[PDB]
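The data below hold one chain only, encoded as structure tokens and taken in the form solved without ligand AJM.
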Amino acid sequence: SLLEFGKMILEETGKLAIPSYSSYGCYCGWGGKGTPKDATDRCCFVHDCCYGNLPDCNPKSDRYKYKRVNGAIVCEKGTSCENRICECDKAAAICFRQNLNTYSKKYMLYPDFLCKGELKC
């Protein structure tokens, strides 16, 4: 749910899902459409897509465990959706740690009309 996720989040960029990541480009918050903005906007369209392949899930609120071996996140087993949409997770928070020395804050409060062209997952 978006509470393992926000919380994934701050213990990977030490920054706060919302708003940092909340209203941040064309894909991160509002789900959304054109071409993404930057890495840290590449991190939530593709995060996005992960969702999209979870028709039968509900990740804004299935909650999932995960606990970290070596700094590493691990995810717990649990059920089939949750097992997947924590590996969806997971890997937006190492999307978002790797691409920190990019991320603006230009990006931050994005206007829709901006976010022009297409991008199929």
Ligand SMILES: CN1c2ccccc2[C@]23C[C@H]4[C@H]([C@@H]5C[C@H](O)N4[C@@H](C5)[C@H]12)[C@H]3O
Second form
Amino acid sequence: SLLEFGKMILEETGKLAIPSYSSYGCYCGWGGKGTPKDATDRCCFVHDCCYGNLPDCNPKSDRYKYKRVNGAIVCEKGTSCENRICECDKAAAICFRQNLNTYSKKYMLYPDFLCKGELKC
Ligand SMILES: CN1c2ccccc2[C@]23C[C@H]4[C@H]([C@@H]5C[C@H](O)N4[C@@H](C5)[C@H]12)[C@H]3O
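Since the structure above is the form solved without ligand AJM, I would like to see how the form deposited with ligand AJM bound looks, so please show that one next.
What follows is the whole complex; the chain from before opens it.
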């Protein structure tokens, strides 16, 4: 759920998912249109796609458990949905951490009309 995801992000990047990741570019946060603006936005695109592979799960509200073995994220065993949701989130958190160097404040609160294009998962 958003509770685990938000905490994962904070731990990984040091940034508060809200508002650092919840209104960035074309895919980070409400939204799903156009060409991703940068690496961080691509992380959110892939994340969106990952959740898209789970039509009968509920990623925003289904809670999972995860632990950290030193710095590594390890998804704990739960229902099939919880395991798969956790893997989606873990990947996004790592992706965000891998692209912190290019994270740009100019993409925060990015206006909708500038999100143009088609990009299939
Ligand atoms: C296609 N679509 C869906 C079709 C059928 C079930 C679920 C989904 C979506 C809605 C949502 C979300 C991501 C994000 C995304 O932008 N949308 C996609 C993938 C999904 C994902 O959970």
